[PDB]
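Read off the chains here:
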Amino acid sequence: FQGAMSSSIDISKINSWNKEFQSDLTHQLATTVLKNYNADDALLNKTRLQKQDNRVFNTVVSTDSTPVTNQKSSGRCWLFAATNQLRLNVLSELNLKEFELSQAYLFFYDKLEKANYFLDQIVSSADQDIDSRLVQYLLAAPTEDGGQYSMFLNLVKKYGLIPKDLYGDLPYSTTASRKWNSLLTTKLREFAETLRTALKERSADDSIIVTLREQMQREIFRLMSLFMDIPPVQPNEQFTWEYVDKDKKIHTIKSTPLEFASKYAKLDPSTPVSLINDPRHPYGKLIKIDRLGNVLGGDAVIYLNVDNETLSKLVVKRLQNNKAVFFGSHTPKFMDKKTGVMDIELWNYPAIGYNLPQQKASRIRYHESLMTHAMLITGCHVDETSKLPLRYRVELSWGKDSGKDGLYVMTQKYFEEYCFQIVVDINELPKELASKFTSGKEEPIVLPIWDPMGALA
Amino acid sequence: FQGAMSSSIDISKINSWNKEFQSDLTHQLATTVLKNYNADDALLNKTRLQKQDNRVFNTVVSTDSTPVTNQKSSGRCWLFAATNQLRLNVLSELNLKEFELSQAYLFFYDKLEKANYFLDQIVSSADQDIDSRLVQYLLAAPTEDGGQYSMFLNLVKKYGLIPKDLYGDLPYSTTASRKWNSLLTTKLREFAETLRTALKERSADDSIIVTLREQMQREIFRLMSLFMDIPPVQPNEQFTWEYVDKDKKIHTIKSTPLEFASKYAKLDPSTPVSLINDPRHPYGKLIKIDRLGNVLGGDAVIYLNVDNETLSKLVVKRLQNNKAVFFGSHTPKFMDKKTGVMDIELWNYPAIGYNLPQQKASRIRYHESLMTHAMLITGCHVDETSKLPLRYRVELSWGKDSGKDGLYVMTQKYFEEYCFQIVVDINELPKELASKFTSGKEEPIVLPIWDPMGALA
Amino acid sequence: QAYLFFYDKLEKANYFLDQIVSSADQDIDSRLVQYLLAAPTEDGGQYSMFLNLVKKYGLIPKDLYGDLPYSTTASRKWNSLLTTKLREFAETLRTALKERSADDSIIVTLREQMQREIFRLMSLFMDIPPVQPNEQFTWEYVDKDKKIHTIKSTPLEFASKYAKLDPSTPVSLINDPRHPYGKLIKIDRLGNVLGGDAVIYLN
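Chains as they are written, first to last, in the authors' numbering: chain A, -3 to 453; chain A', -3 to 453; chain A'', 99 to 301. A prime marks a further copy of an entry chain.
Read the hints as simulated data drawn from the structure, not as lab findings. All residues carry an ideal CB built from backbone N, CA and C; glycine is no exception. Certain hints may be false.
Said to hold, decoys possible - Just some of the chain A' residues that point at chain A'', by a computed CB distance under 10 Å:
(1) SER4
(2) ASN11
(3) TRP446
(4) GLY450
As the list claims (entries may be wrong) - With a Cα cut of at most 30 Å, we get these calculated DSS-like pairs of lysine-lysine:
(5) A':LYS47 - A:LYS31
(6) A'':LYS244 - A:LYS245
(7) A'':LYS244 - A':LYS15
(8) A'':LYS250 - A:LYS400
(9) A:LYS333 - A'':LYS175
(10) A'':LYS245 - A:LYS396
(11) A:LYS262 - A'':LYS244
(12) A':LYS15 - A'':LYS175
(13) A:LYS15 - A':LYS427
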């Protein structure tokens, strides 16, 4: 009783505290303003903004990102950032004013594969109770738009890449995927039950289950074809692409989606590796996300955990190698979309006595921070006096009206605190780190499918 | 040199002061917020608003103000408030759902009379230099829309009143008078020179001047008739008015503008007197504004100076007599148009250390406060425990969307500090005060034409 | 432009206090005193007032101090709040001067306290510029060829070296048919920086 009493909200206490707070001028001011406007709007520090909103970068890639892409109302950030990195290769080599790889192409296959992947996950977990943590998690959002870089390579290895001119964001569902996802997911939840019920009496290898699963794929594909068309050409089938360069000259390229990805997009699926700064685990260790994927039997989500100093130097190096850097972060934490600034001190929260001492590792464990979006670093500014990078130039996929012409500026501190993963090529890694991937000695730290360090959705 | 040096802005001093201010948390908070939003928007105190926005009034007139009037982009507040007071008499007696006296009718004649009045003022001051304080003041805004209650009676005595149904705000210039005023004023400034030049060699009584003045009236009238039509009937000419009551019954009234004002509007020009609270001068004294007027040879602007206790009791009494009260104040000082609240403590300026000790009398002398608008008190709330009024119900002429359905709530403190004049009937005054007007002993304190206690423009 | 705006308004507020002291012998309702009280912190100015500011404060790139604050692009409310305070101060000064001379330490202290309050209120709506007139600033920029450059200068040096402004050369000419041509025209009392150059025109 005494404990519960002491743990209760006492009316006298709160009213007494109120009197005390009201006697402080800063509090009087704070409560007046905070009842009138959104805290971020009220506390935006223009004195800080004046200095931090710096668009001068001494280390940039040679090719411009034209035009600015927009994923619209969908969680396709990762696909846009992954292709935004490769599109530059076509723009530069083919001397084009504007060019985009088809994001919709990868989106269609990703969603189809995920739906199929889900059916397999349900079969493999049919031994567990319906209310179990895993089964419930699988049923929560099976067709979500978000993904990881490994999931991106899985799709490219199987489907390749094609120019947006052949398959674009025309369908309503590519730019407003919520309803389509809802309709598919409702069906998948129905299917999960049909599968589990059938499995109570039969084994997964039973022809009855095999037939049931195929009928389900057929229905999923059928429903999907109503909202988006299956791409016009198969992965190994030839397509014809007509285009104009910057000199007004016409050219015709005949290729296959798979050849296009290697020959023109310059993507060698064997080179990219993901590095992450996850302070919850020791550095130098491999981190693996259990069950997360899209294409059945594809590569798993694996990261090499490294400290921020290493992560930062790798970003600078890749930029010097004339390559943009795919990265994941906690959007929209400390991100001002109007000005396009990512700075953890941009809002004067200390002025109202609001401070946050919880550290990165703990923020992750305590449900406070996670990877939610994927973006592209296309430049940075290295301090001349032998110092490290001070800020980074970031390309978003939210249209030209977001940030400054679609571009954002991120501080080094933000990168260290609210960013987690970067993608680089294995040849850019020191032999010390590269070996972690090449050798067969490394035993990965296996994390649950629900771990915060996952898909950039 | 030493004095000028000490009186100069020293760069070291301001930067030193800045460091000191920045060390204070309230200041840090204040400057962050104040660089983001308008001070009134930021400092609006909702804790105060919650209590002060009270629309319960125990002392109200019996007739509703329907419909809400809108002067639009013109300074016709005084005409609207003066007629808003009388319209209630027609609404009540004729059992009408909606009714308005023509504000445009009075507006047309007021502007014509003022233009003519100006010509006379120029003639009477032709002995003074062009750069003199008086002549320059006369040339500043001869056709301004604003006026006083005495100027209103001057027009009604000569022109009477008519229903808006016969002459409304149809013309562009009635609701957006700026351009029309500019065009007339430019002409009047030309005329002022022609008159003064002609007077250098001739006396005002010279037939040449008399002819010149008439030609000027003709041109002023001609230009005015281009923007508004002269009313359809003369003051002593009969008009026919058809209307419908609340019971859907049709009626026809045949009258003249002059008869209508007395018979239907119930206005006896001999009864209204203006009282004012001008702490610069002793109470019990008559105050007169030199040269201010509209109709040549009309009544002057005269006020009986009384204390706030007297002013307040008179407002309560008139309301109990079932009559609304015409009043002038300093709009938009401490007036929140969105909520329709007039309260000097509604914004938390003390929170940023912004306090204003300057008293009413001094605020007037120091160019800080003056009469700028005319409104109508249609109710008030008298505290039951033998106390005085706590708040007043105010009708504005800014449309139904301003304030709360066009209505505002004003505190007693606001009335005492930012209001100056009220209009009551002489029979409502104690014999002590009524005698000030009736006897011929009272010598008025004569103020300059430019005095802050003037026209509600 | 904000750089000059901040200092101009501060100087004008201070200038006003001096104008009030110098005219304390005149009645409150006099033409001059009333004119001084009408709009002491107005945004407008003359070219001579511009040179006054540049001579004392110099110039800096907008990249270091721009129109971010609400009051730079909607100055009315800020002006109203400052002016209301200045009108209060005008009375406090005139009242104190009825018994004491302007040189009295009491007046000198009063005036300084007033400057402090004016500056304090101003710092709430705009920040004092990041560098002092003779203090060095660092400016990073990109040319038309995409090349990066770093300029280290002071506001005063920047105005001469980069903006190419020599304060001794500009003169104002005016066409005022009210007066004979060839004559110099001077506007009495108009200014911003106390003791700065006057508004003079050659007709």
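Hints, one by one, checked against the model:
1. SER4: holds (5 Å)
2. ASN11: holds (6 Å)
3. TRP446: Constraint on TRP446 of chain A' satisfied, holds at 8 Å.
4. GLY450: Violated, because the Cβ-Cβ distance from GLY450 of chain A' to chain A'' comes to roughly 14 Å (cut-off 10 Å).
5. A':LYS47 - A:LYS31: holds (15 Å)
6. A'':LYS244 - A:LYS245: The hint holds at about 27 Å.
7. A'':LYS244 - A':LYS15: With Cα atoms ~38 Å apart, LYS244 of chain A'' and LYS15 of chain A' exceed 30 Å; violated.
8. A'':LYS250 - A:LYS400: Distance ~27 Å between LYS250 of chain A'' and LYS400 of chain A Cα, so the pair holds.
9. A:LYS333 - A'':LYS175: The hint holds at about 28 Å.
10. A'':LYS245 - A:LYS396: Roughly 24 Å between the alpha carbons, so the hint for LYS245 of chain A'' and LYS396 of chain A holds.
11. A:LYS262 - A'':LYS244: Status holds; Cα separation ~27 Å.
12. A':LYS15 - A'':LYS175: holds (25 Å)
13. A:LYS15 - A':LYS427: With a Cα-Cα distance of about 52 Å, the restraint between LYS15 of chain A and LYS427 of chain A' is violated, given a limit of 30 Å.
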